[PDB]
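Asks: For reference, the chains in residue letters:
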Amino acid sequence: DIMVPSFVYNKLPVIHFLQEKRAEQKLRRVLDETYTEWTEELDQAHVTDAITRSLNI
Amino acid sequence: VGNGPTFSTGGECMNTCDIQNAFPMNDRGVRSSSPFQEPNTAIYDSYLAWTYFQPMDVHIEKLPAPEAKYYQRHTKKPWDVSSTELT
Amino acid sequence: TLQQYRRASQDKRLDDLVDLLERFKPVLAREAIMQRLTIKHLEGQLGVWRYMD
Amino acid sequence: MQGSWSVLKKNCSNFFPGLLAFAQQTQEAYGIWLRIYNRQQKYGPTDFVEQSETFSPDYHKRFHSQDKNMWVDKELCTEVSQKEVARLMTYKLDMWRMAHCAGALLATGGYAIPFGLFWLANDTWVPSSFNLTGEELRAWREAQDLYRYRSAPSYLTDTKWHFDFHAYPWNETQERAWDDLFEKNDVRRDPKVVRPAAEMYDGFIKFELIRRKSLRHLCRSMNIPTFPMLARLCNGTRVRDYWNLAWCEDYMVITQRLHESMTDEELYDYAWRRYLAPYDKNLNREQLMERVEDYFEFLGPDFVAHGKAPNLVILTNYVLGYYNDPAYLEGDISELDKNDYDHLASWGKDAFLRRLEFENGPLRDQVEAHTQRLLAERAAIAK
Amino acid sequence: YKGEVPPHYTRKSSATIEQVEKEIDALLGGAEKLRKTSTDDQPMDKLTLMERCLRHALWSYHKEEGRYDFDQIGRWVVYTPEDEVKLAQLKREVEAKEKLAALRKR
Ligand SMILES: CCCCCCCCCCCCCCCCCC(=O)OC[C@H](COP(=O)([O-])OCC(O)COP(=O)([O-])OC[C@@H](COC(=O)CCCCCCCCCCCCCCCCC)OC(=O)CCCCCCCCCCCCCCCCC)OC(=O)CCCCCCCCCCCCCCCCC
Ligand SMILES: CCCCCCCCCCCCCCCCCC(=O)OC[C@H](COP(=O)([O-])OCC(O)COP(=O)([O-])OC[C@@H](COC(=O)CCCCCCCCCCCCCCCCC)OC(=O)CCCCCCCCCCCCCCCCC)OC(=O)CCCCCCCCCCCCCCCCC
Ligand SMILES: CCCCCCCCCCCCCCCCCC(=O)OC[C@H](COP(=O)([O-])OCC(O)COP(=O)([O-])OC[C@@H](COC(=O)CCCCCCCCCCCCCCCCC)OC(=O)CCCCCCCCCCCCCCCCC)OC(=O)CCCCCCCCCCCCCCCCC
Ligand SMILES: CCCCCCCCCCCCCCCCCC(=O)OC[C@H](COP(=O)([O-])OCC(O)COP(=O)([O-])OC[C@@H](COC(=O)CCCCCCCCCCCCCCCCC)OC(=O)CCCCCCCCCCCCCCCCC)OC(=O)CCCCCCCCCCCCCCCCC
Ligand SMILES: CCCCCCCCCCCCCCCCCC(=O)OC[C@H](COP(=O)([O-])OCC(O)COP(=O)([O-])OC[C@@H](COC(=O)CCCCCCCCCCCCCCCCC)OC(=O)CCCCCCCCCCCCCCCCC)OC(=O)CCCCCCCCCCCCCCCCC
Ligand SMILES: CCCCCCCCCCCCO[C@@H]1O[C@H](CO)[C@@H](O[C@H]2O[C@H](CO)[C@@H](O)[C@H](O)[C@H]2O)[C@H](O)[C@H]1O
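Keeping their order, the protein sequence lines are chains G, A, C, D and W. With the authors' numbering, letter number 21 in the first sequence gets 78, and the count goes up by one each step, no holes. With the authors' numbering, letter number 5 in the second sequence gets 22, and the count goes up by one each step, no holes. With the authors' numbering, letter number 48 in the third sequence gets 260, and the count goes up by one each step, no holes. With the authors' numbering, letter number 369 in the fourth sequence gets 369, and the count goes up by one each step, no holes. With the authors' numbering, letter number 11 in the fifth sequence gets 64, and the count goes up by one each step, no holes.
By construction, these hints were calculated from the structure, which means they are not laboratory data. We treat Cβ as the ideally placed atom computed from N, Cα and C, and that holds for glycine. Wrong hints could be hidden among the right ones.
Derived DEER-like restraints, expressed as beta-carbon distance ranges [what the hints assert, rightly or not]: (1) A/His91 <-> D/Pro57: 44 to 50 Å; (2) D/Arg373 <-> G/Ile59: 43 to 49 Å; (3) W/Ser66 <-> A/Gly27: 56 to 62 Å; (4) A/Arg45 <-> D/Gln287: 48 to 54 Å; (5) W/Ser67 <-> D/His306: 25 to 31 Å; (6) W/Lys75 <-> G/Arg79: 44 to 50 Å; (7) A/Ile60 <-> W/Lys75: 18 to 24 Å.
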């Protein structure tokens, strides 16, 4: 009725602070894993060159 | 404003306690008496110093109510008794 | 042809985006709950039992 | 789970058929254990067979060493099948609870009958053989899962709090592993990320140094009877035997890929015996396979290569983390619009409260300025 | 050049890109009052982080699809000098192709 309740009350602020940091840590890691991915596609000039060769030019 | 109590402090000064980092610091440099953000926290000097927070009428931009799906957890068990029910 | 090639990756990216949205929504819900708790704390109308609940 | 009259009727009706089934299972399990024991004594390492002594460095108390006193029989498939090992494990649980009840009966004579009435009214400590139909078995499994839910969080919190209060991780990867180990079951933990915690904790507390209270929590979470607990080397022996059998079966399954061919119900049972898949979660085959594969990955390549599993304390915490449900939150957010201290409104504010409101209210800056100016004037006048 | 068409992937959930964008707009619209701007060198907020992640994924998907809206892609996807160079190379190429097509039709 008295003792355990008081010590639970004492624990609340630190646990709240640590869990807020843990949540921020998760969000930070989520952002850090994001990285714009640029793709490379076959240049059309080689297509235009193969087109020309096929013509027997 | 009302006369109701706030988060208990135990008569401690949060600017010099062993868990001071757990209490946010305001612009004036006075650490809060609670995990919450307090704008008007003060310190009083009796034989020992103690932190005090005075409730006041302050408006805070209220984010709209979320859906019950994203904050309700239906993991209650027969042995479980909530803090309100225990009180 | 290009669309047919870049199709599984697009589907995975869309699913990942949906999962990310569903992951962020609870965070905003917790933020709103904390805002309301702070509002009641500043008024002096917040018991520790309610905060723990 | 709490006792009920319906369960009491169920267990009283199936009492004698249950006892007969338990006796038959006892004969079968004795045969299986005899095969396994003969193989262990014949082909086991010298330290394992001779029961080498490992003492703690502080009080020199003997306890089972995971490296020396546990041995994975890689060639057990020749003599004993996977299903037989599962049968032996299930029988070991049932036999432990039955043995405790029989000991109580022998100790207290006929005065244990009312306690037997309390016993048959709950499925927590009755054997699985007492269920003769699917629905009864489902309720029994629900009771076991409820006990696991009740007991596991205390074990996890004990481990985490003691370590965090008395030690910290060495490097960032260990920090991430330790933090992600104790996440709730609503999120999926990557075994590769979490594995380093095993070595980190091996530096702190090996299975040979596990404390008696932590052992009691673990045995509660494993549905192992804990009264009378006695010395920690009895229930510790039970834990070691159970997980040694589990690791033998795991090696068999991993090597022969039995889980892929394993049917849905048998797969669910296999996960459940590893404390990975609660029945109340209504998992499908995809989720069960995901959890089982994560368990195998957590065991790691070294398990297959040399039969060496990670630290047993961390392994138990990892698997029991599936019973660490998110903290319950019930009630609409509109309930946060109410007030908690309306009953004090009639009292008003006394002189001291009014003074505090005046000094720390919106006019606090003006009051501070006036007070400081007055004090400065008085100090100047005094000088 | 590409090789083999990649293995087929089955979606875990069903949702359209338009629906996803609308959901993102709704999610970010309710926090506009709470959202506060700050200097680029200052630490970011939760709302800013969520907006950046969601918009980055959305516009990466759009650019892969073909909706080459450079005005927003330069805002929600550019975070590296290499990224800026790639965007400039892509910005020139699309304009050149458009001009060539128009000239070849005229
Ligand atoms: C009539 C007088 C009575 C005296 C008073 C008694 C008072 C009550 C005290 C308790 C008495 C025992 C109760 C019955 C237990 C059931 C039998 C048994 O041992 O089960 C195995 C099981 C073994 O447990 P374990 O942890 O796996 O053992 C680890 C070993 O490594 C396991 O070895 P392993 O890993 O190599 O595997 C072997 C395993 C492999 O086997 C199998 O896998 C097959 C299954 C075999 C076991 C089956 C057990 C079934 C239990 C249920 C029975 C049905 C109940 C039905 C109920 C309803 C009835 C209507 O087989 C075994 O389990 C063999 C264990 C060793 C034998 C123990 C028996 C020794 C005593 C009997 C001989 C006495 C001779 C007297 C001679 C007199 C000379 C002057 O026993 C238990 O669960 C332990 C008992 C739990 C309660 C403990 C209570 C405190 C005890 C304190 C005693 C202190 C000394 C006495 C004085 C007390 C004063 C305060
Ligand atoms: C036919 C059947 C088949 C054949 C038989 C088969 C064999 C059967 C036997 C074996 C069965 C084993 C399994 C049993 C499981 C059930 C155990 C149990 O009790 O569960 C709790 C059970 C309910 O269990 P549940 O609902 O299923 O929940 C289980 C959960 O999992 C909750 O689980 P939990 O883990 O949370 O609960 C555990 C809890 C278990 O405990 C309890 O739950 C406590 C139960 C009692 C609570 C009483 C509350 C009410 C008090 C009323 C007071 C009187 C009111 C006014 C009456 C006015 C009348 C006019 O705590 C403990 O385990 C503590 C253990 C303590 C051990 C103490 C050891 C002492 C050793 C001494 C030191 C020695 C040192 C060495 C010295 C050496 C020297 C040389 O409690 C009850 O049902 C309460 C019954 C209350 C009866 C009425 C009040 C007492 C009446 C007394 C009448 C006296 C008449 C004569 C008077 C004469 C005067 C001259
Ligand atoms: C606000 C006011 C309210 C009222 C308050 C009342 C006043 C209280 C004042 C003082 C209270 C504190 C006293 C503490 C004393 C010191 C305790 C101590 O040193 O403990 C050391 C130590 C601590 O216990 P532990 O094993 O470490 O774990 C205890 C945890 O609670 C284990 O917890 P766990 O979570 O690990 O396990 C949970 C679960 C786990 O479940 C299981 O393990 C499965 C089920 C197991 C069933 C039991 C198996 C027993 C196997 C054999 C045990 C050895 C027998 C030895 C020979 C027999 C000696 C008689 O276990 C249970 O649920 C246990 C159920 C037990 C129910 C009985 C509890 C007592 C209720 C009252 C009934 C008796 C009334 C008699 C007086 C009235 C007469 C008219 O105790 C032991 O080593 C246990 C030895 C047991 C020896 C037998 C009992 C000896 C005492 C004499 C019995 C007399 C019987 C009379 C029959 C009727 C005659 C007419
Ligand atoms: C209602 C019934 C009432 C019953 C009353 C009787 C008492 C209770 C009965 C039993 C109650 C149940 C629970 C008991 C405790 C359980 C302990 C436990 O969990 O052990 C697990 C443990 C199993 O684990 P494990 O891994 O297999 O082996 C342990 C590891 O080695 C562990 O490895 P470690 O690294 O820990 O190694 C250390 C370990 C090494 O030890 C062991 O573990 C080995 C087993 C014990 C060996 C003890 C014998 C040592 C040599 C004795 C030499 C005496 C020579 C004297 C010659 C005289 C010539 C004139 O421990 C020691 O070193 C301790 C040694 C003992 C020191 C004794 C000091 C006493 C000082 C006396 C002060 C003064 C007294 C008053 C004045 C008297 C004179 C005027 O069990 C055992 O090892 C044996 C347990 C035996 C239990 C007791 C059986 C009771 C039988 C009762 C018969 C009489 C009944 C009378 C009834 C009367 C009417 C009602
Ligand atoms: C309503 C009330 C009615 C009246 C009640 C009257 C009450 C009388 C008050 C006086 C009683 C004092 C004793 C209290 C015992 C409880 C202490 C306790 O639980 O501490 C927790 C304590 C704290 O553990 P922890 O802090 O969690 O962890 C620390 C360590 O890590 C733990 O790690 P660990 O477990 O590995 O290390 C411990 C272990 C390590 O060692 C081993 O593992 C090796 C085991 C070696 C066993 C050696 C046995 C030698 C036996 C020789 C017999 C020769 C045969 C002779 C035959 C002919 C003569 C009869 O060594 C032991 O603890 C065993 C030491 C020797 C046990 C001897 C049997 C018990 C004697 C009790 C009577 C003492 C005199 C009482 C009168 C004077 C009082 C001032 O844990 C233990 O000690 C666990 C073992 C507990 C076993 C003892 C209790 C057994 C149950 C007794 C059944 C009989 C019931 C009779 C009921 C009577 C009712 C009237
Ligand atoms: C009241 C007491 C109750 C006791 C209950 C438990 C009883 C258990 C009985 C098990 C019997 C096992 O039987 C026993 O097995 C061992 C191990 O394979 C055999 O052991 C044999 O092979 C081993 C291994 O190569 C040799 O080290 C040993 O020298 C040789 O005898 C024994 O020859 C046999 O007698």
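Asks: Next step is simple, just say for each hint if it's right about the structure.
Replies: Against the structure, the hints come out as follows:
| no. | hint | in the structure |
| --- | --- | --- |
| 1 | A/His91 <-> D/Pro57: 44 to 50 Å | 47 Å, holds |
| 2 | D/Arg373 <-> G/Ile59: 43 to 49 Å | 46 Å, holds |
| 3 | W/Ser66 <-> A/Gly27: 56 to 62 Å | 49 Å, violated |
| 4 | A/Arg45 <-> D/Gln287: 48 to 54 Å | 53 Å, holds |
| 5 | W/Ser67 <-> D/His306: 25 to 31 Å | 46 Å, violated |
| 6 | W/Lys75 <-> G/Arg79: 44 to 50 Å | 32 Å, violated |
| 7 | A/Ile60 <-> W/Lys75: 18 to 24 Å | 50 Å, violated |
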